[PDB]
Amino acid sequence: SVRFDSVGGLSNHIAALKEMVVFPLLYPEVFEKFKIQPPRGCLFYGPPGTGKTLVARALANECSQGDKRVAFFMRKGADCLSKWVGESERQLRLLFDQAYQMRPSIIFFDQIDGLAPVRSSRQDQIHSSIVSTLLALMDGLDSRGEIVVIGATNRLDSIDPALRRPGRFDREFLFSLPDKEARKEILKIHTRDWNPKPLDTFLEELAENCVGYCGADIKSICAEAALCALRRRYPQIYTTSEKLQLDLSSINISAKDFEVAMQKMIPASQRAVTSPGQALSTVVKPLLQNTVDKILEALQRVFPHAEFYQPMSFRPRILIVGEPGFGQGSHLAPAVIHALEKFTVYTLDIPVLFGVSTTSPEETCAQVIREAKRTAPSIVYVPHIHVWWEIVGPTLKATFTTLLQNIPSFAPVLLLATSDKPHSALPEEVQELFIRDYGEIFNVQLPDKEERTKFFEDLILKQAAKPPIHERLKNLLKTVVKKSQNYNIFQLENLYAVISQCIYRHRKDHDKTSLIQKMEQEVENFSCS
Amino acid sequence: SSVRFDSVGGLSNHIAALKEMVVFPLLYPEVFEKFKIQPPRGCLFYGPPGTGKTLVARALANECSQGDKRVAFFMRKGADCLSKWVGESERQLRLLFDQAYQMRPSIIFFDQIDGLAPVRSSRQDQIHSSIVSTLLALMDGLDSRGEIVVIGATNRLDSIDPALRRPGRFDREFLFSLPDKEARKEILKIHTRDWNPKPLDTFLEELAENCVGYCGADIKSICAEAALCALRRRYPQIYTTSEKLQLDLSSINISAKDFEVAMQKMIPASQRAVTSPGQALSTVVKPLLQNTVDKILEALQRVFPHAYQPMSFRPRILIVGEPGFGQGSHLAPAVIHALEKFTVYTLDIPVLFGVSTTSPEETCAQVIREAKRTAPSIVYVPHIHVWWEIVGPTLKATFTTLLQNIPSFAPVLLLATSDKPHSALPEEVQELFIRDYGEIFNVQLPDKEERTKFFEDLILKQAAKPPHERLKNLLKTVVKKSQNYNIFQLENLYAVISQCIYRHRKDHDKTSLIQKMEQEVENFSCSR
Ligand SMILES: Nc1ncnc2c1ncn2[C@@H]1O[C@H](COP(=O)(O)OP(=O)(O)OP(=O)(O)O)[C@@H](O)[C@H]1O
Ligand SMILES: Nc1ncnc2c1ncn2[C@@H]1O[C@H](COP(=O)(O)OP(=O)(O)OP(=O)(O)O)[C@@H](O)[C@H]1O
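As given, the protein sequences belong to chains S and C, one line each in that order. Going left to right, the first sequence walks through residues 422 to 729, 786 to 946, 1330 to 1389 as the UniProt record's numbering numbers them. Going left to right, the second sequence walks through residues 421 to 727, 786 to 945, 1330 to 1390 as the UniProt record's numbering numbers them.
Bear in mind the hints are in silico, worked out from the structure with no lab data behind them. Built from N, CA and C at the ideal position, the CB exists for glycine as well. Any given hint might turn out to be false.
Dumping the calculated DSSO-like pairs for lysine-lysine here, alpha-carbon to alpha-carbon at most 27 Å [what the hints assert, rightly or not]:
id: 1; chain 1: C; residue 1: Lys504; chain 2: C; residue 2: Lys489
id: 2; chain 1: C; residue 1: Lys1368; chain 2: S; residue 2: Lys819
id: 3; chain 1: C; residue 1: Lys1368; chain 2: S; residue 2: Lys456
id: 4; chain 1: S; residue 1: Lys850; chain 2: C; residue 2: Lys685
id: 5; chain 1: C; residue 1: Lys664; chain 2: S; residue 2: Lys454
id: 6; chain 1: S; residue 1: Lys456; chain 2: C; residue 2: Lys926
Simulated DEER-style distance windows between Cβ atoms [said to hold, decoys possible]:
id: 7; chain 1: S; residue 1: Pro871; chain 2: C; residue 2: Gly916; range: 55 to 63 Å
id: 8; chain 1: C; residue 1: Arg524; chain 2: S; residue 2: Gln458; range: 33 to 41 Å
id: 9; chain 1: S; residue 1: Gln458; chain 2: C; residue 2: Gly487; range: 22 to 30 Å
id: 10; chain 1: C; residue 1: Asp426; chain 2: S; residue 2: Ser422; range: 46 to 54 Å
id: 11; chain 1: S; residue 1: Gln922; chain 2: C; residue 2: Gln844; range: 30 to 38 Å
id: 12; chain 1: S; residue 1: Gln544; chain 2: C; residue 2: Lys850; range: 29 to 37 Å
id: 13; chain 1: C; residue 1: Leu595; chain 2: S; residue 2: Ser901; range: 41 to 49 Å
id: 14; chain 1: S; residue 1: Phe425; chain 2: C; residue 2: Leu669; range: 27 to 35 Å
id: 15; chain 1: S; residue 1: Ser1360; chain 2: C; residue 2: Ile687; range: 42 to 50 Å
id: 16; chain 1: C; residue 1: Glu453; chain 2: S; residue 2: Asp500; range: 56 to 64 Å
id: 17; chain 1: S; residue 1: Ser901; chain 2: C; residue 2: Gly916; range: 43 to 51 Å
id: 18; chain 1: C; residue 1: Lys850; chain 2: S; residue 2: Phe425; range: 56 to 64 Å
id: 19; chain 1: C; residue 1: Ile687; chain 2: S; residue 2: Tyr521; range: 41 to 49 Å
id: 20; chain 1: S; residue 1: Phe425; chain 2: C; residue 2: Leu558; range: 52 to 60 Å
Over the 10 Å line for every Cβ pair with chain C, so calculated as not near, a few chain S residues [to be verified]:
id: 21; residue: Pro460
id: 22; residue: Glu510
id: 23; residue: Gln519
id: 24; residue: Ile568
id: 25; residue: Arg585
id: 26; residue: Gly588
id: 27; residue: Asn616
id: 28; residue: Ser641
id: 29; residue: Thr660
id: 30; residue: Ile674
id: 31; residue: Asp826
id: 32; residue: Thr836
id: 33; residue: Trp865
id: 34; residue: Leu1336
Excised from the complex, chain S in its bound form:
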């Protein structure tokens, strides 16, 4: 029995929607003043699980409480199909007649994309007949009354193009994944009535750590965490086989109970296709945070929409370049992507172009560019452009170059790319896309001594000198940080692991100095040139 109070973050959509079904039933003077007859159709579309059906449910439960009462008719996917010849095209006629009978009313076709395909001469004739009848009923010779029609879809572009037209489906709403702010609202909604109410700062801490969560996942963990406390509190519930009596007064949910949940479940977005955005792992942050910050500063310089009347920008492009093994293509760029949230990202990599056996690559490239143009601002991402170039045929090069030349100049679509070879060795076609004079090239340099010292500071001496369940190690740290002054990222994080293996090889020894010599031996056996 939800009534415009279980939603969070969809405020303009609801405001526009109520203008379509509420006002003429309430203020029948302004419309008659001008002879308007407001729009009477809409189409929802967006990725799964973002609250497409809940809005319709809330609106239905809201308007049924008259006066003024409004009917409501629901239809599933393809319910009006029969094996007889003249039945499928008659149920719609019956339904529309019945709806006209009790006007005003609402007809909600649910997942219309499985009912009204694009007409073609190859598929069966029943579909063409049904779509013709459907679009003859909506706007025909005789005018329908106060019926209002709604649709749901996951793939917009597969609806017949004649249905989308002022008169039948004259407004399209985009339902997106929630941004940072809306996650807090959804969490407040789902944990409203709890006797030990959580504090809001805790909710914000949760919200800043949920990236890629879509409406139903947040609802999921709020119930996968209220069960961890139960399983911890009364561990002996699965053993017996009859109903017990409990003490439902000592099972409040602690902060820890949340953490395990975020470790176990994976968001709906990244279940069939991996996402090209990953935050820095807990070990390397004190090696690369500063470089990420500098990169974001420069991008802020050229792409002004990353600031947090409108800003004006002219074809933003940038290229992150350095010697091989400097973490440019495997640590830095995905970190930058993860830092700029609220801008959707479309990727372009060899595993993605050739990862589809049913569509040619140029089709995929065209689709990606069109989508990025549609929901701009956004990011088009292409990594390893020095290997990417000489794998693809000439047709795809020409197509890719001609598509991004048609994007309007002041439209905000960023082009982010990374490479290994220095800028001068790249093929000249790539060269005439980045204009460093304008500030579109960033060079990466190795971390300095302080930063590398911080990298090994917690390994030695805080874990090696921990009781199981103090002066030689300083010289050990000095010799370690002296030895590795010319190591790239791969070799550094290699040498981190070999020490931790010795750390783990001595769990239960209470006496040290049986491994300190082992440690200093291993560090001087390790040789990577």
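We have chain S; now place chain C with the ligands onto it with these hints.
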């Protein structure tokens, strides 16, 4: 139910030729028996969606029903004659035709006939072939039906059984195309008739040429949306209440801001599934290239005189220039936009390959068949110096063969742009353009006057806003240093200049940003 040939705007030929089939044989019956005519009694409307096909039938019914000469009216939906029993599918048709014959004169209106009369084939059910056979044996058979007028309407004309398209069954075919600049003013007039503060026609006239690509129903939407926007501008506390308020219907007047916002929030129904290859100059760039666009239009007026009847012979033209001068991305699309009312058929790289499930040659032939059918038109081939390198020999031969068979005097322009100068183009492309005839145009850089016009509004007016001798020095310096920059560099300089004006919004005193503007002027360097 008060629409009668007076709410319909822009279609005069179709109305004029439609009343001489159903009005004249009744009213002046003494002219046709002299010659033994029996004037035509079958027509087929067709055209892209939302262009006013059902409106005409509504008007015609409403007109003929009320008057001195009464004519009946039977209406049918898509496939509303079907029944499950074997003997009833085609019996309703016979019942309807007999009933219409009994009350003659009368009219029959088949709506969405493409959903009832598919082209006969043996790859489907056989009931459809039975229905088609009884229909086309019933319209003109052995019985001479008499005074029955049959009408259809559809979007896909090519999917109708060809035995129904020949005189006797469906005589005339009517094309309903999108309105041009003049008819949009008529439609806007029609839809804003009963407004007490009547808008000035000097405002509608301006409003018309901004609505490019709109068609029919879209217009009727805008005239609605504006009103609602106006309401949002007057009583903004109305969306946050669950109880009726007291509204004063006297301060809900419509202003141009409402039209501007409502127009911005909407896209036309035509270019919603695809994108049209014609776009006007943006407001930012307009005072740099309008003169050049006018010059190009004058050359077209020289060789393509459709911009006694004018005569033309295989019109062609080629815009050429050094890279960056803006001929493939700023000039040619503007030319296509100005020459509207000429249907355009784009033909370049992402169109030929960017759609699968078809071969390049099929599309390459279809795009020219359509251009020939709807002459005059335009065939558009941008970036020829690359387009000629990415295709196989089969496509070259098919292309250079498909445009030789067009009738020599047919007015089918071929508009293309290049970047390498005409001498460096390969053979078979220098022979298609014969610049002695006047088929090559050389574009050149803008001179000083428009360059100064380009910057004065930003650096003189906008730089001094409420929330003055050094400005002239800045303007003269900027204009001077930039006497060899192409379009891309000029726009980039504009953007970097406006960035500081943005970033210093909230400081109540100037002279902190003037230094910024300076350093950006000095610290900006180009390549050339
Ligand atoms: N803002 C929100 N507040 C509360 N619940 C939400 C919100 N957004 C989404 N949901 C959840 O979304 C679920 C269903 O929404 P809806 O079915 O319309 O979208 P969807 O599941 O992503 O799409 P589809 O119907 O195509 O599968 C409900 O379980 C609801 O709890
Ligand atoms: N010239 C016009 N003046 C006013 N309204 C117009 C005009 N042309 C079209 N319309 C609008 O177009 C609407 C629909 O026209 P009509 O239904 O006959 O077109 P159609 O070809 O059948 O379109 P569809 O593809 O929707 O079937 C009318 O209700 C009217 O509001």
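Going through the hints against the structure:
Taking the CA atoms of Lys504 (chain C) and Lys489 (chain C), the gap is about 39 Å. The hint is violated against a cut of 27 Å. Among the hinted pairs, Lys1368 (chain C) with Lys819 (chain S) is consistent with the structure: their alpha-carbon atoms are about 26 Å apart, no more than 27 Å. Our distance criterion of 27 Å between C-alpha atoms is broken by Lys1368 (chain C) and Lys456 (chain S), whose separation comes to about 44 Å. A hinted pair counts as satisfied when its Cα atoms are at most 27 Å apart, and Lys850 (chain S) with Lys685 (chain C) qualifies at roughly 17 Å.
With a C-alpha separation of about 18 Å, the suggested pair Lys664 (chain C) and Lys454 (chain S) falls inside the 27 Å cut-off, and the hint holds. Among the hinted pairs, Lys456 (chain S) with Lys926 (chain C) is inconsistent with the structure: their alpha-carbon atoms are about 52 Å apart, more than 27 Å. Roughly 35 Å separates the CB atoms of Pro871 (chain S) and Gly916 (chain C), a value that falls outside the hinted 55 to 63 Å. Range check, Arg524 (chain C) to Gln458 (chain S): about 37 Å between beta-carbon atoms, so the 33 to 41 Å window is met.
At about 28 Å, the beta-carbon gap between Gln458 (chain S) and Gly487 (chain C) stays in the expected band of 22 to 30 Å. The supplied range of 46 to 54 Å is met by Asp426 (chain C) and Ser422 (chain S), whose beta-carbon atoms lie about 52 Å from each other. Against the hinted window of 30 to 38 Å, the Cβ-Cβ separation of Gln922 (chain S) and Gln844 (chain C) comes to about 57 Å, which falls outside the hint. For the pair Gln544 (chain S) and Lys850 (chain C), the supplied restraint of 29 to 37 Å holds, since their beta-carbon distance comes to about 30 Å.
Remark: the range hint 41 to 49 Å for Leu595 (chain C) to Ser901 (chain S) is contradicted by a beta-carbon distance near 59 Å. Take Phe425 (chain S) and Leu669 (chain C): their Cβ atoms lie about 28 Å apart, and the range 27 to 35 Å holds. In this structure, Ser1360 (chain S) and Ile687 (chain C) break the distance hint of 42 to 50 Å, their C-beta atoms being roughly 58 Å apart. Between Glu453 (chain C) and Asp500 (chain S), the C-beta spacing of about 57 Å keeps the proposed range 56 to 64 Å intact.
Under the hint 43 to 51 Å, the C-beta atoms of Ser901 (chain S) and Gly916 (chain C), about 46 Å apart, fit the expected range. Taken as a hint, the range 56 to 64 Å holds for the pair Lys850 (chain C) and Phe425 (chain S), whose Cβ atoms sit roughly 57 Å apart. For the hinted restraint 41 to 49 Å between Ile687 (chain C) and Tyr521 (chain S), the CB-CB distance of approximately 31 Å leaves it violated. Between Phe425 (chain S) and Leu558 (chain C) the beta carbons are some 57 Å apart, a value that agrees with the proposed interval 52 to 60 Å.
Its closest Cβ contact with chain C, about 7 Å, brings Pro460 (chain S) to no more than 10 Å, contrary to its assignment away from the interface. Listed as outside the interface, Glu510 (chain S) is inconsistent with that label: its C-beta sits roughly 5 Å from the nearest C-beta of chain C, within the 10 Å cut-off. Listed as a non-interface residue, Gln519 (chain S) keeps its Cβ farther than 10 Å from every Cβ of chain C; the least gap is roughly 17 Å. With a closest Cβ-Cβ approach of about 17 Å to chain C, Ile568 (chain S) is found to remain outside the 10 Å limit, as its non-interface label requires.
A beta-carbon of chain C comes within 10 Å of the beta-carbon of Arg585 (chain S); the shortest separation is about 6 Å. Consistency note on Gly588 (chain S): stated as away from chain C, yet its beta-carbon is not over 10 Å from all of that chain's, at 5 Å minimum. Listed as outside the interface, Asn616 (chain S) is consistent with that label: its C-beta sits roughly 30 Å from the nearest C-beta of chain C, beyond the 10 Å cut-off. With a closest Cβ-Cβ approach of about 32 Å to chain C, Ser641 (chain S) is found to remain outside the 10 Å limit, as its non-interface label requires.
Under the 10 Å C-beta cut-off, the non-interface status given to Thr660 (chain S) relative to chain C holds; the minimum distance is some 54 Å. Annotated as non-interface, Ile674 (chain S) keeps its C-beta farther than 10 Å from every C-beta of chain C; the closest such distance is 35 Å. Annotated as non-interface, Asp826 (chain S) keeps its C-beta farther than 10 Å from every C-beta of chain C; the closest such distance is 20 Å. Look at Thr836 (chain S): its CB is around 6 Å from the nearest CB on chain C, not clear of 10 Å, so calling it non-interface is violated.
The Cβ of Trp865 (chain S) lies farther than 10 Å from every Cβ of chain C, with a closest approach of about 19 Å, so its non-interface assignment holds. Every CB of chain C lies more than 10 Å from the CB of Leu1336 (chain S), the least distance being 50 Å, so the non-interface label holds.
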